[PDB]
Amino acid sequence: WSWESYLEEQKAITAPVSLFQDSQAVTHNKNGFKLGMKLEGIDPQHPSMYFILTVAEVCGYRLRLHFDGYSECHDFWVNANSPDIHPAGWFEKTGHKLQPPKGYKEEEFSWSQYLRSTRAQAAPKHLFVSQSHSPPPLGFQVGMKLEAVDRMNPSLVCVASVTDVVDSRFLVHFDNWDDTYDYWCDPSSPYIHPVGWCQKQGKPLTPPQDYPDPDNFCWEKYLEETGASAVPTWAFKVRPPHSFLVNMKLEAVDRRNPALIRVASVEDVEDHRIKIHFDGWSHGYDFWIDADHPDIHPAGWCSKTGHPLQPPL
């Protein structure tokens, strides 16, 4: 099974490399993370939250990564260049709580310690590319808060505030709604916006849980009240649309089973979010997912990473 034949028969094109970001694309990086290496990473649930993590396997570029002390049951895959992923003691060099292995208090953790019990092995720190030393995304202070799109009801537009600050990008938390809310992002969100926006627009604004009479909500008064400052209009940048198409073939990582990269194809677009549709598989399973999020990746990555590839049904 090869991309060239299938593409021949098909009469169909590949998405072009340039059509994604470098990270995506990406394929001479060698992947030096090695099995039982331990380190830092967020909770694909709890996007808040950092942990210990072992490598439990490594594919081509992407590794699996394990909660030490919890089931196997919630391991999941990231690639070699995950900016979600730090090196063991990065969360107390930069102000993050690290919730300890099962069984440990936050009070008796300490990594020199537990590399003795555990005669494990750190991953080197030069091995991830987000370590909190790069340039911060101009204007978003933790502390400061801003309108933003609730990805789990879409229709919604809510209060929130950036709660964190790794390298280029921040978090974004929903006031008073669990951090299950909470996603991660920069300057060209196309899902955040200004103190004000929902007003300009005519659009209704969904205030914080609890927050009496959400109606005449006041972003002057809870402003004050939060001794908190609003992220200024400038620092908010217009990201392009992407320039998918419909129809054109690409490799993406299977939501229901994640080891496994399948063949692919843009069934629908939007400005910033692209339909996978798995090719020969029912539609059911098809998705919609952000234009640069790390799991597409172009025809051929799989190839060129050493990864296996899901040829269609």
The other form holds:
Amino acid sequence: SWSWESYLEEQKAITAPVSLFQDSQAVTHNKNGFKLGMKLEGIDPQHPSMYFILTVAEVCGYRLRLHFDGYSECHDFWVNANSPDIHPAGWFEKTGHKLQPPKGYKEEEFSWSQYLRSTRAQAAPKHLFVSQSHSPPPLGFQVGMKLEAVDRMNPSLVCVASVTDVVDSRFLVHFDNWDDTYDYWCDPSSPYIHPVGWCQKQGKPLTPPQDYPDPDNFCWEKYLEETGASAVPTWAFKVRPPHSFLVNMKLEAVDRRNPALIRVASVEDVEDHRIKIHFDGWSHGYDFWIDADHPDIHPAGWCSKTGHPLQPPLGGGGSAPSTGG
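Could you switch over to the form deposited in another entry, since the one displayed so far is the form deposited in one PDB entry?
Since only the chain itself is given, any partners or molecules it might have are not part of what comes next.
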């Protein structure tokens, strides 16, 4: 039997304190009421502005694997039961959002009552969730306002962006005149967003809207006038202090190569808002960077307290394939 207590003694190591994580990353006493076969609604992680019909394909501890109805299983993805990116059946119609129907359907063609009959299934109960859009909005951020944001797909770019939607306590960041595949959900403390004018005060180049006429001479004031849009007010931005994870601290993290697994991990390197994860016993070739507030990193003990299997360090110490670290 593997235990953190014994491992720390053996390695003469320390864990990353629970206080370093967000409450949502650390909470272990919540029940996961989702069951295999339950259907629901959710955003496509690779297309944050789109909503699809999803089915619980697997349950493990406080996590569940979701399947896009009608599409290939290669698109399946895992989330935690407290994910704010899934909603109960009927949410889209109740909140006025659009649905991308199951493969083989047209949008006019979808009705939850009929679909459940056709699939002889049941929708996940409303109480099973966390976001159904009854919550406090993000103060100061309204649809239509503009701001500057980092393109997470092209990290060196800070661009002209807009708030295109607000759901409970989060808002959707959209890159002006770029396709919505670049959109991503945020909250007021995100270190990836800044008020209009930030780049100029920092000396950083600002990426104007796609194909903006004479891009070199882009001027926020002129653009705000052309669009009649307001800039998100400066007071609304509540910058988050850099995290306090230190190199070598131990924790638990979802494996990026096989998301069904969670392994014993160590902080390999650090940035102001991200940490580099290294899986104990493994080579460093699989090490990866991840946001400090990412939903897939947790404090030691998360797995055992939630009922999820934890992969112990890989054995072999260099003599076995993929080891050395």
